[PDB]
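Every protein chain but one is kept in place in this view of the complex.
Chain IDs A and B follow the sequence of writing; residue 1 opens each chain.
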Amino acid sequence: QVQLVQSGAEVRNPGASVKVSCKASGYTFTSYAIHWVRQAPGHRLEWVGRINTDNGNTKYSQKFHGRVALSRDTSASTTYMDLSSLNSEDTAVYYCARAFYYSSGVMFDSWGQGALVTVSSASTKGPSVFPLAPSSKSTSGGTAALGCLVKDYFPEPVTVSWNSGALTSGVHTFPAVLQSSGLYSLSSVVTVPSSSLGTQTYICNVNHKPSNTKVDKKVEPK
Amino acid sequence: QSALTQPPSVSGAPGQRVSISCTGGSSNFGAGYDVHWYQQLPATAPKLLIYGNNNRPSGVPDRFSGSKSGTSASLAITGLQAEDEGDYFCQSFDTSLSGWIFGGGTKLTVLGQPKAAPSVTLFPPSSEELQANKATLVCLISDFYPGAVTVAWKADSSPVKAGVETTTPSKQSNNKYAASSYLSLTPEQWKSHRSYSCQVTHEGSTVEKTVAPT
Partner (left out) sequence: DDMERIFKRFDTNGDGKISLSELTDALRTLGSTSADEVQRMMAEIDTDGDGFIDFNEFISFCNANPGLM
């Protein structure tokens, strides 16, 4: 019956700030401290800070360098988290949790659903396309693997075809990676017979509609 | 050590038992602080599973059991069920840092299909990227189950952690997973080493692909 409800998702630019709320209900708000924990994509839980709901004194993790601030409103039973000077490394889900003392310590017994904060670029960024030269080191007996790397673009999505869509079999376009710089990057791979490398031309067609950019990269052997 | 170390992933058939270790240090477990365990099912917030080494809140069955030494902790899960799939984090207080620390988390997979080893293709930096004063290595991982892999890059025989971006495993059409890792380098770094290698670890097995600037 203890419940913590947090505000919705937020999108910010590098340098801006964000405020996340955490309303508490089902218990005495001023008798239990509220902790804030963030979880970056593909990272472990990271403790942000603690605030006494009653006093209300705060305690912050030094890993933020005075960039985070906690506050509370007892009349609404809500704790707020402000994080200024945002950067792409701060892109994470931010949870609020209640500290509950037991006989031999304290635990985070109740958590909030979490609030997603995304510090993404304000402007569109077109992609750079580089040819992945055909290699037969990891392919089947008669085939070779060639591709092209679509590096540093924003935002999603991009469409990658081969030979203007004529080449469809063996095409594996991997999901994009959201790099720490806030930019996406993916690779598209095609496995073709090695007997057609010196005869057949292979061109990957990258299309990025948000940037109005099109690239036809010819993939040649070494 | 002032951090908690966990295995990245564990797996087991439904009905079997798995164990998840969590090692600490003198400033946390050795300082007289109990360990807590949290269960994060897919698409939900963390949930308190174990508090104070081996106490269960109302709603957690005795299939989950914990143990703690002055330096190590373990989480036992017996009678695996499909609903137990998710991530598990240990937690303690470190007195040197004066703050709460969490383990890296362990992805528990309940097997619903046979294991599948990953296929790895390593691409060196293109000759056109080096002319643009850039260098990116592409390690592509495809068709593996369960969807949990550890990627370790190495320059020559020495590890590299700066400039690495690894995707989280994504499920494709055939219910297997695919991932990719990118090692960004400067052209001078790429040319100053005899070789670069991408090591993919999956279910205790290891695949290592190596490229050389030649």
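Quick notes on this structure:
Everything that follows uses one rule, which is that a contact is a pair of C-beta atoms (placed from the backbone, for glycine too) under 8 Å apart; a residue touches a chain by one contact, two chains touch by 3 or more.
Within the set B:15, B:32, B:70 or B:159, the residue that contacts the chain not displayed is B:32. Touching the missing chain, out of A:13, A:25 or A:55, is residue A:55. Within the full complex, the residue among B:81, B:98 or B:113 touching the omitted chain is B:98. Only one residue in the set A:69, A:99, A:167 or A:197 touches the chain that does not appear here, and it is A:99.
Within the complete assembly, residues 28, 30-33, 35, 50, 52, 54-55, 57, 59, 99-106 of subunit A touch the chain that is not shown. In the full complex, subunit B contacts the hidden chain through residues 32-34, 93, 95, 98.
Here is the rule we go by: only the chains that are shown with their structure count from here on.
One finds 17 Å separating the Cα centroids of subunit A and subunit B.
Note for the complex: subunit B touches subunit A at residues 33-34, 36, 38, 44-48, 51-52, 55, 57, 89, 91, 93, 97, 99-105, 119-123, 126-129, 132, 136, 138, 140, 142, 165-168, 170, 178-180, 182, 209. Put simply, subunit A touches subunit B in their complex at residues 35, 37, 41-42, 44-47, 61-62, 95, 97, 102-105, 107-114, 128, 130-133, 135, 137-139, 145, 147, 149, 151, 172, 174-177, 179-180, 185-187, 189, 222.
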